[PDB]
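For this view, one protein chain was removed and the others were kept in their places.
Residue numbering begins at 1 within each chain, and the chains themselves are lettered A and B in the order written.
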């Protein structure tokens, strides 16, 4: 069953937000929906996959993850 | 009253880096009378009545590394 996670990630330019998009996009179709706002610095993910698995994938980009939740 | 001149050597690699610093500083008008950011020289010059530390902390909320700062 599809779960919903939201991370608060420090993204400064459109390259930062693109980099996060990129790694989530590789997880399609297990990620069914991606929604990112540079300006509010938020990342929303709809997937079947574990929080912990998505937390790591996103930090791998080297962008600071301030906070998470489900 | 007195306008202080501060310089920061801030790690800034694209114009997002430098724009994010810019944005936090412009928020502090009317107490900032001049902001000179040079993305090319990785320098941030601020003229302001505010104390150094308060300015420093506003810059660091961007997440960009501040290599050094000084009051001129």
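Definition applied: a contact is a pair of C-beta atoms (placed from the backbone, for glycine too) under 8 Å apart; a residue touches a chain by one contact, two chains touch by 3 or more.
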| remark: From B:14, B:24 or B:35, the answer for touching the chain not displayed is B:14
| query | Touching the left-out chain: which of A:10, A:19, A:27 or A:49? | reply | A:19
| Footprint left on chain B by the chain that the document does not show | 11, 13-17, 65
| field | Residues of chain A in contact with the chain not shown | value | 13-16, 18-19, 61-62
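By our rule, only the chains that are shown with their structure count from here on.
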| note | Here the gap between chain A and chain B, centre to centre from mean Cα coordinates and rounded to Å, is 30
